[PDB]
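One letter stands for each residue in the lines below.
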Amino acid sequence: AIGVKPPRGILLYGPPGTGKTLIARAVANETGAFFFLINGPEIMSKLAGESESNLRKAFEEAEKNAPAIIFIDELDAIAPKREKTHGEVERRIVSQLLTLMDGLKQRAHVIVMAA
Amino acid sequence: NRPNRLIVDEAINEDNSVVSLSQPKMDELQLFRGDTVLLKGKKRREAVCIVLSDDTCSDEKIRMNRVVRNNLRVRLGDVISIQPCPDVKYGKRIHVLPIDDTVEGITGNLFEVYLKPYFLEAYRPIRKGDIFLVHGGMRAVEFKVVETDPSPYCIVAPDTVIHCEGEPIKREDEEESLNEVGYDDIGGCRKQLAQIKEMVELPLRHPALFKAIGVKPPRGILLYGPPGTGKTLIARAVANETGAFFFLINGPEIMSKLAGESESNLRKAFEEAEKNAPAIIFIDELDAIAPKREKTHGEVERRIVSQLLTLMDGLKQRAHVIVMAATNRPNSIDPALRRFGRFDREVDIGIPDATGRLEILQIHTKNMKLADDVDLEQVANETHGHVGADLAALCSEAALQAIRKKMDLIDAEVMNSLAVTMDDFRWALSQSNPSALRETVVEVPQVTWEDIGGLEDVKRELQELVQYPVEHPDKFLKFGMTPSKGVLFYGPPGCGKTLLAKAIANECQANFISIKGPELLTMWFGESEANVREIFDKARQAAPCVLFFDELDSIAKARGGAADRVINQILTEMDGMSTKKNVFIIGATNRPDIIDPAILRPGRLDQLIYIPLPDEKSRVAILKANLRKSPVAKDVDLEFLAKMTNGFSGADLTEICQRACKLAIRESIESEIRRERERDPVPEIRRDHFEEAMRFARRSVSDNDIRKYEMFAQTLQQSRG
Amino acid sequence: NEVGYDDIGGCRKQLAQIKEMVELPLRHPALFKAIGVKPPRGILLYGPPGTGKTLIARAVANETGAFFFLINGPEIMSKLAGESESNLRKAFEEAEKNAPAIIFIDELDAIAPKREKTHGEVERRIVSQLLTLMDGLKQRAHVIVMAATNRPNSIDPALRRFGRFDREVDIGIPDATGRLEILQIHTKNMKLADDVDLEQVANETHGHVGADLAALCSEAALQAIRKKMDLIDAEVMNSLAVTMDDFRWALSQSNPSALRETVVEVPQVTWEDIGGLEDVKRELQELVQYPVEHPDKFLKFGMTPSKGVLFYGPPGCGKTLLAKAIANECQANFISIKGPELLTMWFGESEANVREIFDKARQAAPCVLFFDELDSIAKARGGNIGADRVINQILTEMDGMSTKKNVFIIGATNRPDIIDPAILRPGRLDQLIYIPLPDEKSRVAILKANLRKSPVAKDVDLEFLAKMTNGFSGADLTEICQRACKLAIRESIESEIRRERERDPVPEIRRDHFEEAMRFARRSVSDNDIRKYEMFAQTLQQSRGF
Ligand SMILES: Nc1ncnc2c1ncn2[C@@H]1O[C@H](COP(=O)(O)OP(=O)(O)OP(O)(O)=S)[C@@H](O)[C@H]1O
Ligand SMILES: Nc1ncnc2c1ncn2[C@@H]1O[C@H](COP(=O)(O)OP(=O)(O)OP(O)(O)=S)[C@@H](O)[C@H]1O
Ligand SMILES: Nc1ncnc2c1ncn2[C@@H]1O[C@H](COP(=O)(O)OP(=O)(O)OP(O)(O)=S)[C@@H](O)[C@H]1O
Ligand SMILES: Nc1ncnc2c1ncn2[C@@H]1O[C@H](COP(=O)(O)OP(=O)(O)OP(O)(O)=S)[C@@H](O)[C@H]1O
Ligand SMILES: Nc1ncnc2c1ncn2[C@@H]1O[C@H](COP(=O)(O)OP(=O)(O)OP(O)(O)=S)[C@@H](O)[C@H]1O
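Chains E, D and C, in that order, give the protein sequences.
Counting in the entry's author numbering, the first sequence runs from 232 upward without gaps.
Heads up: the second sequence runs through residues 21 to 430, 438 to 588, 596 to 713, 726 to 767, numbered per the entry's author numbering.
Heads up: the third sequence runs through residues 199 to 430, 438 to 591, 597 to 713, 726 to 768, numbered per the entry's author numbering.
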């Protein structure tokens with residue numbers, strides 16, 4: 232019906248504390264999709280060299296199941312503007328995220344979501 | 021020339037690997053009854069078949085069935101080229117593959133059961149990558165030749181042992197290896213695509229043509245502009261058309277690599293680009309790789325862009341390689357890569373216009389079964405500030421809106444009878460938030476020059492100041508004298524000064540860039556006066572063009588008891611423009627009070643034109659062209675209101691038109707309301735609505751202001767000391 | 199292949215300076231008895247980008263025959279930590295290992311920017327390594343280094359001391375004759391159609407660097423290829446050509462990259478086109494040209510010079526062209542910055558642009574300055590609070611201009627009341643020249659020098675412009691000439707339209735064209751401002767303190 236890739240990538244912006252985690256949890260536990268979320272500060276907590284570790288593995292685990300949805304939380308901590316990125320590893324992490332996001336196009340119809 | 025021109029059409033013969041042609045054109049091409057050809061069509065696809073003679077077939081048309089037409093990825097009506105292939109060798113090993121969604125329900129080998137009776141001494145020449153249909157088991161299953169031992173082309177002999185290794189993959193077998201969309205997938209920038217093709221025509225079909233051009237026109241083209249305009253897709257279409265080994269990399273893809281891994285694949289892409297004598301490469305998202313020194317804060321990215329600056333001119337004159345660039349901002353790239361040695365040429369895609377968006381919608385709604393009810397034209401002209409990827413998103417949202425009025429249990440009939448409506452396009456258009464606005468984009472107006480009351484002396488004066496240097500370049504060298512590039516407008520605040528500027532922009536058929544004074548102070552509010560320089564550079568790149576600086580009273584009212599550095603920047607880069615390039619600048623104000631008389635100097639915008647009140651046929655002329663969701667007023671005395679001078683002072687006679695048609699709106703809605711209450727709405731507008739709008743009317747500009755402008759009829763004598 | 203001395207044009211003076219600097223690795227190798235200084239190592243080349251900084255160095259290296267070991271900026275900076283010494287020590291080692299030699303570094307801003315602009319420590323390490331190996335290799339085997347950039351003040355100023363990189367030579371933009379020479383040496387490897395002139399294109403191009411003229415030649419040749427039907438043979442190879450319309454097309458779809466640089470050349474305005482200002486011409490001639498071409502007469506008895514003068518009068522008056530006139534008949538290059546252009550760099554607290562302008566004035570001696578339109582600065586300091599801060603930069607920098615070095619300063623204003631009266635009351639800018647409403651024969655002089663698609667108006671009443679006195683308030687009488695142009699264009703399109711609908727263009731402008739042009743003409747300044755301006759005929763009584 233539509234071959235122009237119905238949209239991969241949804242932002243959940245707005246005020247904090249409005250249950251944006253709860254929306255993704257309800258969607259995950261209702262829609263019947265295998266859910267593989269990862270946390271923002273958890274992967275920021277990793278050291279240099281291990282920062283790509285579990286960042287590649289989350290998208291690999293999304294590729295493991297043919298229906299799959301992930302939901303990254305607190306992307307504001309992950310990806311600020313280039314002026315605020317005075318550290319090299321933050322730019323490397325957001326480059327890895329962008330590379331894994333645009334390298335995977337319409338592969339096993341996965342949906343990514345962010346709050 | 022090019023005697024292989026053919027048009028695809030419906031076939032008379034149902035043979036899968038045999039097409040039909042015409043006998044005298046076969047003898048023109050020296051063809052035969054059983055020879056083999058190489059049909060090259062769009063998306064650089066190739067098909068090998070055997071041409072049979074057909075008397076009912078046209079001379080300039082070719083007939084091919086659903087096997088050959090889907091082999092070239094073309095629809096009904098495309099253009100192909102035919103080259104006969106007389107050097108065919110015989111096949112030794114043949115490997116074919118099935119499709120996963122067409123093999124369920126039947127089990128067993130397809131070699132002796134399906135491949136054997138289809139190739140039972142059939143003498144069908146096959147091409148690698150082509151799809152052939154085999155009928156069997158009360159079905160029709162498609163199979164694709166993937167590898168042969170004569171790998172380009174062969175003839176299926178009975179002695180040819182055919183492999184039967186079964187690996188069904190997908191229906192999308194050609195979506196990742198090539199993605200072979202060509203110039204049919206790009207519209208709205210035909211001039212820019214033609215310029216890009218003429219730049220890259222030294223890689224393609226002019227290989228050793230450097231004796232005639234020893235300057236080697238530049239290695240490195242920039243494709244800047246707004247985001248989401250198909251800058252990646254332009255490069256993909258060019259690389260598919262040229263056929264050279266393409267080795268594109270992404271900016272974040274190489275920023276994801278570590279230190280030491282950074283030089284890895286950066287040296288390797290440029291080294292692998294050397295191995296082909298035709299070679300074009302491209303690097304994506306240059307702002308990730310090449311920012312300014314102030315933006316970056318790491319030594320690794322600066323070492324990466326230093327290595328890129330080394331490897332740009334480290335290779336020279338070697339296999340005439342061309343690098344290509346893509347970004348979303350022109351000044352964001354480092355100026356070390358804007359030198360004349362490296363990455364010299366800069367072209368901009370921009371956004372398409374209404375004709376361009378119409379072309380994009382027409383080539384985009386092909387792969388979607390509409391209901392054949394929409395017009396595709398109001399949506400085309402409506403979507404100002406909508407970029408092409410946003411147009412694709414609008415198409416997907418309209419498809420989702422058309423799907424969403426159905427059942428979740430899918438249907439027995441929604442897949443083969445899907446449809447979209449015109450109201451679906453309106454609802455997708457209403458609930459759409461594009462990011463392609465806020466840019467001072469280029470457009471050509473459509474403003475039907477008799478729609479004004481006319482001001483025929485002033486319109487002829489604008490004609491003489493603009494278009495006679497434009498349309499007569501011989502009169503720039505034979506007769507006449509020095510020109511006056513620019514004109515200023517002054518008079519009443521509410522008049523058609525913007526209307527005259529866009530009118531002469533349309534009548535000149537030149538580009539119309541109309542920035543705003545509040546928009547200028549908005550860009551200055553971010554502390555950036557180089558934006559005026561970038562506006563003038565966009566003007567020079569948009570040659571020929573017409574420039575408009577409206578609302579100079581907004582600049583004039585910030586005098587003080596902010597600052598007027600923006601008009602000083604404009605005045606500095608007003609006389610710093612060439613008398614060539616056929617650029618032209620229009621200025622306009624509302625009052626002559628604080629007009630900063632340093633800008634009235636000759637050598638700049640000099641002609642001061644005082645616009646008077648227009649004649650009695652101004653609102654007649656907007657009611658002459660009254661399309662405006664409304665019928666034309668009829669059986670009414672129009673000049674009788676001009677006798678009463680219904681706010682007859684400059685503009686805002688369209689205010690009387692708005693008031694009277696809103697009275698007609700009230701009348702029609704009240705008629706509908708008591709028609710609904712009861713259980726011809728008078729769409730035309732009659733005399734009492736115009737008379738009541740005269741009753742509720744006020745003058746727009748006072749007589750004292752008219753007296754002041756009459757006193758300022760000779761205001762070219764400024765700078766009083 | 200390799201290139202020599204004949205491929206540089208338009209900067210023969212600077213090229214001769216470079217040849218004189220490399221004359222010591224040449225015909226005078228052991229020139230130490232004549233001078234013991236060893237005149238300085240470290241030739242610094244600066245100016246616009248793409249102007250041939252690699253080409254001049256390579257040509258000088260091939261003429262001298264010395265061993266050339268050049269390195270680039272970002273090529274050296276592309277090495278990692280620990281490999282910055284790699285090839286940077288080794289280039290100087292190879293310069294040590296063979297005596298008659300020259301080395302060169304390109305893009306010095308990539309290697310050595312200012313230390314505040316640096317972020318990483320390896321950039322500081324690299325600039326300290328350069329600062330060690332520059333004067334550390336002193337009087338060893340007589341090697342000369344050369345440095346190229348795109349901007350001089352972006353270089354680290356520690357690299358511009360006496361011992362390091364002192365002889366700053368500017369390549370600059372080429373001249374119009376320099377553009378002609380660049381096109382002449384660029385059409386060697388191209389068989390033209392022998393129909394262009396290469397001169398009207400050259401003077402019609404303005405502010406294009408030699409790389410841009412090379413790109414213009416490429417664009418014209420690509421246009422001539424594009425208009426031809428493509429066929430894969439040599440029948441289009443031997444028939445390569447360029448047309449005059451191809452050069453006009455290449456001049457059209459291009460942009461002057463060297464525009465907005467403050468231009469340094471001599472104009473071509475040729476004194477005879479003045480309207481009849483004789484006393485002002487004689488006084489400006491005596492105050493400008495007389496010290497220049499007669500230095501022996503300017504050293505015996507008479508005039509100890511007092512430079513600096515400003516023009517004033519009506520706002521629409523003819524005061525701009527006289528600076529160009531003394532530039533033509535003084536044999537001095539003309540530098541004319543704009544008063545509106547000063548506030549562009551005043552916005553942002555950039556005081557160094559005026560320093561760069563006066564440094565260019567020092568470098569381009571002899572020269573005549575022209576600060577046009579100080580009334581814009583007066584407007585910025587009068588309409589609001591402030597603007598009037600670069601006018602203090604003007605007064606401070608102009609006292610750095612000594613009485614020698616062959617410089618002059620010309621002011622310009624329209625309303626002399628608010629031009630900050632400390633400008634003119636000391637010996638700085640002491641002289642005042644009134645520029646009145648002009649003499650009667652300006653209309654023929656406009657018609658003489660500006661030929662411009664039409665001859666002199668034949669058998670017309672020339673004296674009627676002195677009789678009816680059209681535009682009789684100051685200058686800008688040339689509005690009547692522009693109106694005659696518009697009426698001539700109207701007659702031409704009338705004849706063209708009539709001969710278009712029917713199936726002698728009349729290129730002569732008659733008396734009735736001027737008579738009709740009379741009606742669309744007014745004065746240029748109100749009479750009360752005229753009475754005030756000849757009330758300010760004696761306006762040197764400024765600093766009106768109570
Ligand atoms: N739309 C909602 N419907 C029902 N309960 C809600 C809703 N929004 C908020 N709540 C309640 O408020 C709580 C909000 O939980 P939080 O996790 O703190 O919200 P949050 O948005 O996930 O916080 P962050 O900062 O965005 S991770 C929920 O656990 C509910 O109890
Ligand atoms: N002119 C166009 N016609 C049709 N589809 C287009 C056009 N431009 C973009 N698209 C669609 O938009 C997507 C590609 O957009 P992009 O290549 O991302 O645009 P872009 O100009 O390259 O901006 P970037 O690269 O993301 S910064 C595909 O889905 C295309 O089908
Ligand atoms: N003589 C006229 N004939 C027809 N329509 C006119 C006429 N004068 C004004 N209008 C209409 O009124 C509008 C006024 O637009 P503008 O020219 O922008 O007004 P303005 O006098 O320039 O003042 P602003 O600040 O630009 S709104 C035009 O766009 C027309 O729609
Ligand atoms: N004086 C000149 N004579 C002949 N050709 C020239 C001249 N100046 C520039 N060119 C041409 O323009 C090109 C510029 O080459 P370069 O010398 O590398 O310029 P550049 O100044 O070193 O570049 P940057 O950006 O300033 S490092 C040359 O290769 C020639 O093709
Ligand atoms: N006596 C004259 N001789 C030659 N040209 C003159 C004469 N008087 C006026 N002109 C021309 O008239 C024009 C205006 O004179 P300018 O000195 O350039 O005016 P300006 O100093 O720029 O001040 P404004 O405010 O811009 S008119 C120039 O094109 C001059 O060449």
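Just so you know, the hints here were simulated from the structure itself, not pulled from any lab data.
Some hints here could point you the wrong way.
What the hints assert, rightly or not - With a straight-line Cα cutoff of 27 Å, these simulated BS3-like cross-link-like pairs (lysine-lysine) come out:
| # | chain 1 | residue 1 | chain 2 | residue 2 |
| --- | --- | --- | --- | --- |
| 1 | D | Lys62 | C | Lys658 |
| 2 | C | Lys668 | C | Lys658 |
| 3 | C | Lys426 | E | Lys312 |
What the hints assert, rightly or not - To give an idea of the interface, some chain D residues facing chain C are shown, with a C-beta separation under 8 Å as derived from the structure:
| # | residue |
| --- | --- |
| 4 | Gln327 |
| 5 | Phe506 |
| 6 | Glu556 |
| 7 | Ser664 |
| 8 | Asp686 |
Heads up, the beta-carbon is just placed ideally off N, CA and C, and yes, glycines get one too.
Consistency of the hints with the structure:
1. D:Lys62 x C:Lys658: 63 Å, violated
2. C:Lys668 x C:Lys658: With Cα atoms ~13 Å apart, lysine 668 (chain C) and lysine 658 (chain C) stay inside 27 Å; holds.
3. C:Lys426 x E:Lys312: Violated. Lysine 426 (chain C) to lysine 312 (chain E) sits at ~50 Å, over the 27 Å cutoff.
4. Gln327: 4 Å, holds
5. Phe506: At 5 Å from the nearest chain C Cβ, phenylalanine 506 (chain D) passes the 8 Å test, so the hint holds.
6. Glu556: Since the shortest Cβ distance to chain C is 6 Å, the answer is holds.
7. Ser664: Because about 38 Å separates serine 664 (chain D) from the closest Cβ in chain C, which is outside the 8 Å limit, the hint is violated.
8. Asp686: 30 Å, violated
Checked against the numbered hints listed earlier, the structure breaks hints 1, 3, 7, 8; every other hint is satisfied.
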